[PDB]
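Trainee: The chain contents come next:
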Amino acid sequence: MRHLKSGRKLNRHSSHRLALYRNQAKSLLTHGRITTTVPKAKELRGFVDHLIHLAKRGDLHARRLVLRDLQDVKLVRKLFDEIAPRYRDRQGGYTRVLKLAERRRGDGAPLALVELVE
Amino acid sequence: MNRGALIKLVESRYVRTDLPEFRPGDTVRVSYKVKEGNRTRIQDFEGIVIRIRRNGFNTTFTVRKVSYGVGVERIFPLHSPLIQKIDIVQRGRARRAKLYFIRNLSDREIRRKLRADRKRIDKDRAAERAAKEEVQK
Amino acid sequence: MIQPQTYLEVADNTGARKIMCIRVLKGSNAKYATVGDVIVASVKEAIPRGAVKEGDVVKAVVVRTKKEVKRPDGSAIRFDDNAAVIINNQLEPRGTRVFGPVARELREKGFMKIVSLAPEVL
Amino acid sequence: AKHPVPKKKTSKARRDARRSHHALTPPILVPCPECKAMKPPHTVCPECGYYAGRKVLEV
Amino acid sequence: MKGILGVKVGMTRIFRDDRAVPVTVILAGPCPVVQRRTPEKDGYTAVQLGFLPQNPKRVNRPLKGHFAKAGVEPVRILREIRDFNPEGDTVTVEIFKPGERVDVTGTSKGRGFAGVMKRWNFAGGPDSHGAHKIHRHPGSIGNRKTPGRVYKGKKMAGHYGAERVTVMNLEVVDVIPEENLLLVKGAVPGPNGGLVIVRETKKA
Amino acid sequence: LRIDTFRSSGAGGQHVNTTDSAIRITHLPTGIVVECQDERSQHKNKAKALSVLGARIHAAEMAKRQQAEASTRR
RNA sequence: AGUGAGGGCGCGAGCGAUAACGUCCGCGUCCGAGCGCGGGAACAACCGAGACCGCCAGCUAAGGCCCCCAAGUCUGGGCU
RNA sequence: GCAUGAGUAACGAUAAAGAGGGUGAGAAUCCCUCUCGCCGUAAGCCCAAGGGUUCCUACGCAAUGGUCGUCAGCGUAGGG
RNA sequence: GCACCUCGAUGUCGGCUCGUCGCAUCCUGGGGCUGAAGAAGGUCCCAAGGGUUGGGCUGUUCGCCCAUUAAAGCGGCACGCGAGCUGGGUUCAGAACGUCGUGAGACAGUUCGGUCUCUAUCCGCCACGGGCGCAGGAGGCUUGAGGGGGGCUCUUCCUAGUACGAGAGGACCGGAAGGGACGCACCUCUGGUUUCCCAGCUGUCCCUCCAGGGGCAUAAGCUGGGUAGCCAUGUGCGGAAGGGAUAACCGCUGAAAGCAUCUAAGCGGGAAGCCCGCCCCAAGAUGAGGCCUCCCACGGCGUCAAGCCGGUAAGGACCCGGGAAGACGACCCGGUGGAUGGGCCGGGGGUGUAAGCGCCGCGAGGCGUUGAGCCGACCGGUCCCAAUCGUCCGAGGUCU
Ligand SMILES: [Mg+2]
Ligand SMILES: [Mg+2]
Ligand SMILES: [Mg+2]
Ligand SMILES: [Mg+2]
Ligand SMILES: [Mg+2]
Ligand SMILES: [Mg+2]
Ligand SMILES: [Mg+2]
Ligand SMILES: [Mg+2]
Ligand SMILES: [Mg+2]
Ligand SMILES: [Mg+2]
Ligand SMILES: [Mg+2]
Ligand SMILES: [Mg+2]
Ligand SMILES: [Mg+2]
Ligand SMILES: [Mg+2]
Ligand SMILES: [Mg+2]
Ligand SMILES: [Mg+2]
Ligand SMILES: [Mg+2]
Ligand SMILES: [Mg+2]
Ligand SMILES: [Mg+2]
Ligand SMILES: [Mg+2]
Ligand SMILES: [Mg+2]
Ligand SMILES: [Mg+2]
Ligand SMILES: [Mg+2]
Ligand SMILES: [Mg+2]
Ligand SMILES: [Mg+2]
Ligand SMILES: [Mg+2]
Ligand SMILES: [Mg+2]
Ligand SMILES: [Mg+2]
Ligand SMILES: [Mg+2]
Ligand SMILES: [Mg+2]
Ligand SMILES: [Mg+2]
Ligand SMILES: [Mg+2]
Ligand SMILES: [Mg+2]
Ligand SMILES: [Mg+2]
Ligand SMILES: [Mg+2]
Ligand SMILES: [Mg+2]
Ligand SMILES: [Mg+2]
Ligand SMILES: [Mg+2]
Ligand SMILES: [Mg+2]
Ligand SMILES: [Mg+2]
Ligand SMILES: [Mg+2]
Ligand SMILES: [Mg+2]
Ligand SMILES: [Mg+2]
Ligand SMILES: [Mg+2]
Ligand SMILES: [Mg+2]
Ligand SMILES: [Mg+2]
Ligand SMILES: [Mg+2]
Ligand SMILES: [Mg+2]
Ligand SMILES: [Mg+2]
Ligand SMILES: [Mg+2]
Ligand SMILES: [Mg+2]
Ligand SMILES: [Mg+2]
Ligand SMILES: [Mg+2]
Ligand SMILES: [Mg+2]
Ligand SMILES: [Mg+2]
Ligand SMILES: [Mg+2]
Ligand SMILES: [Mg+2]
Ligand SMILES: [Mg+2]
Ligand SMILES: [Mg+2]
Ligand SMILES: [Mg+2]
Ligand SMILES: [Mg+2]
Ligand SMILES: [Mg+2]
Ligand SMILES: [Mg+2]
Ligand SMILES: [Mg+2]
Ligand SMILES: [Mg+2]
Ligand SMILES: [Mg+2]
Ligand SMILES: [Mg+2]
Ligand SMILES: [Mg+2]
Ligand SMILES: [Mg+2]
Ligand SMILES: [Mg+2]
Ligand SMILES: [Mg+2]
Ligand SMILES: [Mg+2]
Ligand SMILES: [Mg+2]
Ligand SMILES: [Mg+2]
Ligand SMILES: [Mg+2]
Ligand SMILES: [Mg+2]
Ligand SMILES: [Mg+2]
Ligand SMILES: [Mg+2]
Ligand SMILES: [Mg+2]
Ligand SMILES: [Mg+2]
Ligand SMILES: [Mg+2]
Ligand SMILES: [Mg+2]
Ligand SMILES: [Mg+2]
Ligand SMILES: [Mg+2]
Ligand SMILES: [Mg+2]
Ligand SMILES: [Mg+2]
Ligand SMILES: [Mg+2]
Ligand SMILES: [Mg+2]
Ligand SMILES: [Mg+2]
Ligand SMILES: [Mg+2]
Ligand SMILES: [Mg+2]
Ligand SMILES: [Mg+2]
Ligand SMILES: [Mg+2]
Ligand SMILES: [Mg+2]
Ligand SMILES: [Mg+2]
Ligand SMILES: [Mg+2]
Ligand SMILES: [Mg+2]
Ligand SMILES: [Mg+2]
Ligand SMILES: [Mg+2]
Ligand SMILES: [Mg+2]
Ligand SMILES: [Mg+2]
Ligand SMILES: [Mg+2]
Ligand SMILES: [Mg+2]
Ligand SMILES: [Mg+2]
Ligand SMILES: [Mg+2]
Ligand SMILES: [Mg+2]
Ligand SMILES: [Mg+2]
Ligand SMILES: [Mg+2]
Ligand SMILES: [Mg+2]
Ligand SMILES: [Mg+2]
Ligand SMILES: [Mg+2]
Ligand SMILES: [Mg+2]
Ligand SMILES: [Mg+2]
Ligand SMILES: [Mg+2]
Ligand SMILES: [Zn+2]
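Protein sequence lines correspond, in order, to chains R, S, F, Z, U and X.
Residue numbering for the first sequence follows the UniProt record's numbering, beginning at 1 and increasing consecutively.
Residue numbering for the second sequence follows the UniProt record's numbering, beginning at 1 and increasing consecutively.
Residue numbering for the third sequence follows the UniProt record's numbering, beginning at 1 and increasing consecutively.
Residue numbering for the fourth sequence follows the UniProt record's numbering, beginning at 2 and increasing consecutively.
Residue numbering for the fifth sequence follows the UniProt record's numbering, beginning at 1 and increasing consecutively.
Residue numbering for the sixth sequence follows the UniProt record's numbering, beginning at 222 and increasing consecutively.
No wet-lab data here; the hints were simulated from the structure.
Just to be clear, a hint being listed does not mean it is correct.
[As the list claims (entries may be wrong)] For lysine-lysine, the following DSS-like pairs were computed, each having C-alpha atoms within a straight-line distance of at most 30 Å:
| id | chain 1 | residue 1 | chain 2 | residue 2 |
| --- | --- | --- | --- | --- |
| 1 | F | 53 | F | 113 |
| 2 | R | 5 | U | 118 |
| 3 | U | 185 | U | 2 |
| 4 | F | 59 | F | 18 |
| 5 | R | 5 | U | 2 |
| 6 | U | 185 | F | 26 |
| 7 | S | 8 | U | 109 |
| 8 | F | 53 | S | 35 |
| 9 | R | 74 | R | 5 |
[What the hints assert, rightly or not] Some chain R residues flagged as far from chain U (calculated, every beta-carbon gap over 12 Å):
| id | residue |
| --- | --- |
| 10 | 1 |
| 11 | 10 |
| 12 | 26 |
| 13 | 39 |
| 14 | 61 |
| 15 | 71 |
| 16 | 87 |
| 17 | 92 |
| 18 | 102 |
| 19 | 107 |
| 20 | 111 |
| 21 | 113 |
| 22 | 115 |
We treat Cβ as the ideally placed atom computed from N, Cα and C, and that holds for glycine.
Working from the sequences, and respecting the hints, build out all of it.
Mentor: See below:
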């Protein structure tokens, strides 16, 4: 009875699911756009969206929080110095998700890309 | 349509204001109105607040005192029209917001691991010594 | 919330110290008793030479439980021990002095003997 | 479990009768407004990379 | 036989004569009548009732003719109060005095597929002592060659909740027309924001 | 008299767990109870009860006779 | 050659409890092999009757003749 | 020889995955990098018995691989 | 007792779970007789609607006993129920006592130990869809044939210490309150939970040495708390009232039969039961119902078709965002003429004084900044991101 609860499990337990959310956030900040399944994407969306808007603050605390997920010092710099100032005048919603007409093959999963906006 | 607001509405006309502020760790006297058959008298009850659970008009809190060799806890709603007044007597510093563990515990043990909050007591003199700025004109 | 096998404490000098509820007089098949409720119990532990003895079966009323009891005002009250007063079949205290506070509900259920014997009702 | 088991060979007319619902449903599709090629709704047309009239990926 | 449509908005509790009472707050007013049901033309007696304002660019044609025919603009849900004949047009909250008693009707919470142990309260299996994987199953369902079957109505697992439920004789604790709110002592079925119906009880 | 059939207790299998061969009889105004899971029958245990309880009531009461005789002579 | 497990019903006896769709003999019959046909709702052995094949022809049998369902809501006298 | 159960159980330890790039008729499954998790008195090394080309190199996917397969302890040929 | 079906198998005791049917009634309901003063009880008739406790002993059914109860009813259903559980009993091998036999072994005598099989094809049953039908096409709102559920009970008080009785005791009738158990709903309150919402902690490895974080110790490493949701111990409400026809039983009138009789014609009273009444399903009610509104003439063909057509109509499905709806379908809301999901914002709420720096201290630490920092769902805002764009289907009505 899922009533009013909202999260997702993705057939992964808590530890794993978390890591997944990072390694995807990670890669998303790295390459700008990535392509995963429609559900992972739908969820992942807000995770990066949260980190972006955290960077947008700028302070050391903010930097000391985003680092807790991204772990990597350089990708943190990359976040704060280029990505975030792109968005100082767009509040909320820093990423988009779009569905892909071609499916997967050996499991026929649906596919979607997640690029951040400009 | 805001249902959330609509509730905050209705309750508003039962809400007290007058009641002091307090935290778990505080020791506190509550004048309570009870009936002894016919009469309606005011029975006090002071002790260490152990738990305040908040939900607006429905916010409630718990006080624990030992009496005649055995401990009681009583729970009061923080807007019962049957509370006459509540009194700060002493203020402590809990590290946490729910202080159950002091049940299974001694009175001289509780004495030290609940430290008097000198800070917040000072702001009360601040309140009170400046509260005599009405009797000034 | 006392039921069969629930041990209780003595509120008074009945010679008894520990009783264990063995039945609850409050229905054809009531599940648990609380404050104001009479229960039938057995003495499991009691001091020497007091009135009742080890093995006596007794009538008693519960004066203090441990599961917080609701009030009509929306207050609630809860004591540390589960405690009762041993009484006779006229439902009079076989004791003469209760010790430690007793839930006001005893008065509300007419146990006027106890609540006067009581050191503190709350 | 004492291991249940079929009583009688399911008749020809009875199995096909069950498969009444098995039939597939053709994909639902729309022209891509630029290339007019066939493509499922709400996905980015794999022929050019346009959705919402904007080039979205460089097909 | 009075009645009125409304929303379960959620319950809290209040105070009365130094006693606390759980209520349950219900937005209800107003309600524009939509149609009269003649005993002559329809066979019986009732009133088609409107509730909650409707965005007209969502009102289809056949509905828009219904609505205008009683001179009343768009509305979201239409229901019937059986054996009610409102004097004035719109039906209000004000048609209940506080103290009066009511039957509430709702569509209970939705527990989807339901265990027997939940829906029907079977005691199911012993948690230890030998249970080969029935720690929660329904056990026996029959006899033997006589009767040679299971009988209709046998309590079994399946969908539970999300269903019409009326709860009887509830006390109208209060009502504030200015807000169209209703107070009902006790538990109305269904979720907050769910549609309820309230009428005068059938008790003495 | 209260007659009583019930499944006998012990070793016996299918024609004993599944055959109420045991008897018990009870004389109400006196109080004596006897029973007979003594034999695989039921009628034979029935009567064997209703003559053991023959003695067990009259051969038992003869004590009350002698007790009085003896005490009153003493 | 096969058979040497018979059965049911009527009658006549023993056994049994003037029990059993019990059992065992005797005299009959039928099923067995006629679970082919008509009645008995259904119903091996009860009532009718021993089917070579054909018929969109006639008489009867037991059993029936208000509708299911072929034939009298027949006729005359009674009772419940 | 072919059906039925049935496109149903099952796909063989709940140590775990994610992404970008690449190759290819074709990629969740092959190659490369980055992050992530597991073993670490082994789930890493080295002997022996047993196995007998399974070793290295090219080329390759019908079958074997509980799916895929461009990959393989698979097939071909050479080498060792 | 018989030996008619089953030995190319119909698993036997007791417990558990789920029950349902019988009435020869254990309880409450109605009633006659009483050796019925009252209060009780006895016995009989009516009545099956619901109700029928928890423990000690034993494998036990049975029975005894403890404390209660309105009562702790008996029986059928393969002494209901092992393709539902159990496996203590009993009936495999092992072994001991008593015991019989020279003996190997044996007993119905005892005692310790002793493998209970993942996949439901049909019927049945609980839940949910697909197709077609409803002789015009559609959006709604409905009637209730026919079913289902429910149906219990105690205690105190008033009436009144009255009628009754020497007393002790102690009512009818009429009216009030508080309970036990059971049912449905709910999450305000109490109380659980709350797999990452906050915090503390130990080892260790890592980032970056300090500081500050991360990973692993579970599939949360451990601890301390905990919204929303889902919940019972928690809150609400339910059984009725009443209307009708009756059971046993009590009657009025009244012949046969001058009297007489409750009955033969006619009528009255009368049950927790019967029919309604309350809650639920329900027009596949093929007997397919009704009411409000909306859409319309056929463009071309078809010997006979009351047809096959072909764009469209009011409308509907697709698709996508979603949902206290949900296994899947279904259902409900929404799709830029938008607040549906997401991020942001704010309220609420949890947690309980973050990082950084300053002051105190040799130090561990403390103190200030600071109810700070972080802050999942709840209540609301908000076009920043995502519901882009589109496609399909659906009229034109046989008729005396
Ligand atoms: Mg769940
Ligand atoms: Mg939501
Ligand atoms: Mg949600
Ligand atoms: Mg997975
Ligand atoms: Mg006010
Ligand atoms: Mg001044
Ligand atoms: Mg209960
Ligand atoms: Mg002793
Ligand atoms: Mg006593
Ligand atoms: Mg309570
Ligand atoms: Mg005193
Ligand atoms: Mg005193
Ligand atoms: Mg399909
Ligand atoms: Mg369940
Ligand atoms: Mg149970
Ligand atoms: Mg149990
Ligand atoms: Mg008012
Ligand atoms: Mg024995
Ligand atoms: Mg013997
Ligand atoms: Mg003598
Ligand atoms: Mg011969
Ligand atoms: Mg011979
Ligand atoms: Mg012969
Ligand atoms: Mg013969
Ligand atoms: Mg004879
Ligand atoms: Mg025949
Ligand atoms: Mg023939
Ligand atoms: Mg014949
Ligand atoms: Mg024959
Ligand atoms: Mg012949
Ligand atoms: Mg004739
Ligand atoms: Mg015929
Ligand atoms: Mg005639
Ligand atoms: Mg005649
Ligand atoms: Mg004539
Ligand atoms: Mg398939
Ligand atoms: Mg499938
Ligand atoms: Mg397997
Ligand atoms: Mg690739
Ligand atoms: Mg090696
Ligand atoms: Mg070896
Ligand atoms: Mg070999
Ligand atoms: Mg190759
Ligand atoms: Mg291959
Ligand atoms: Mg291949
Ligand atoms: Mg295998
Ligand atoms: Mg290739
Ligand atoms: Mg090779
Ligand atoms: Mg037992
Ligand atoms: Mg039981
Ligand atoms: Mg029963
Ligand atoms: Mg039973
Ligand atoms: Mg009787
Ligand atoms: Mg008698
Ligand atoms: Mg019964
Ligand atoms: Mg009956
Ligand atoms: Mg019991
Ligand atoms: Mg018992
Ligand atoms: Mg016995
Ligand atoms: Mg019995
Ligand atoms: Mg039985
Ligand atoms: Mg039998
Ligand atoms: Mg055995
Ligand atoms: Mg043995
Ligand atoms: Mg044994
Ligand atoms: Mg065992
Ligand atoms: Mg099935
Ligand atoms: Mg099936
Ligand atoms: Mg259907
Ligand atoms: Mg009705
Ligand atoms: Mg009909
Ligand atoms: Mg019924
Ligand atoms: Mg009196
Ligand atoms: Mg008196
Ligand atoms: Mg008196
Ligand atoms: Mg009365
Ligand atoms: Mg009370
Ligand atoms: Mg109640
Ligand atoms: Mg976290
Ligand atoms: Mg460390
Ligand atoms: Mg960590
Ligand atoms: Mg925790
Ligand atoms: Mg919560
Ligand atoms: Mg309770
Ligand atoms: Mg109630
Ligand atoms: Mg009742
Ligand atoms: Mg009439
Ligand atoms: Mg008369
Ligand atoms: Mg007369
Ligand atoms: Mg008379
Ligand atoms: Mg009458
Ligand atoms: Mg009447
Ligand atoms: Mg309905
Ligand atoms: Mg025209
Ligand atoms: Mg033509
Ligand atoms: Mg057409
Ligand atoms: Mg959808
Ligand atoms: Mg959905
Ligand atoms: Mg549909
Ligand atoms: Mg809306
Ligand atoms: Mg647009
Ligand atoms: Mg919104
Ligand atoms: Mg939103
Ligand atoms: Mg706050
Ligand atoms: Mg500080
Ligand atoms: Mg600090
Ligand atoms: Mg921290
Ligand atoms: Mg410091
Ligand atoms: Mg804060
Ligand atoms: Mg603040
Ligand atoms: Mg924020
Ligand atoms: Mg979050
Ligand atoms: Mg929301
Ligand atoms: Mg909401
Ligand atoms: Zn295109």
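Trainee: Confirm or reject each hint.
Mentor: Here's how the hints hold up against the structure:
no. : hint         : in the structure
1   : F:53 / F:113 : holds, 23 Å
2   : R:5 / U:118  : holds, 20 Å
3   : U:185 / U:2  : holds, 19 Å
4   : F:59 / F:18  : holds, 13 Å
5   : R:5 / U:2    : violated, 39 Å
6   : U:185 / F:26 : holds, 28 Å
7   : S:8 / U:109  : holds, 24 Å
8   : F:53 / S:35  : violated, 38 Å
9   : R:74 / R:5   : violated, 36 Å
10  : 1            : violated, 6 Å
11  : 10           : holds, 21 Å
12  : 26           : holds, 37 Å
13  : 39           : holds, 21 Å
14  : 61           : holds, 37 Å
15  : 71           : holds, 41 Å
16  : 87           : holds, 34 Å
17  : 92           : holds, 26 Å
18  : 102          : holds, 35 Å
19  : 107          : holds, 27 Å
20  : 111          : holds, 30 Å
21  : 113          : holds, 34 Å
22  : 115          : holds, 34 Å
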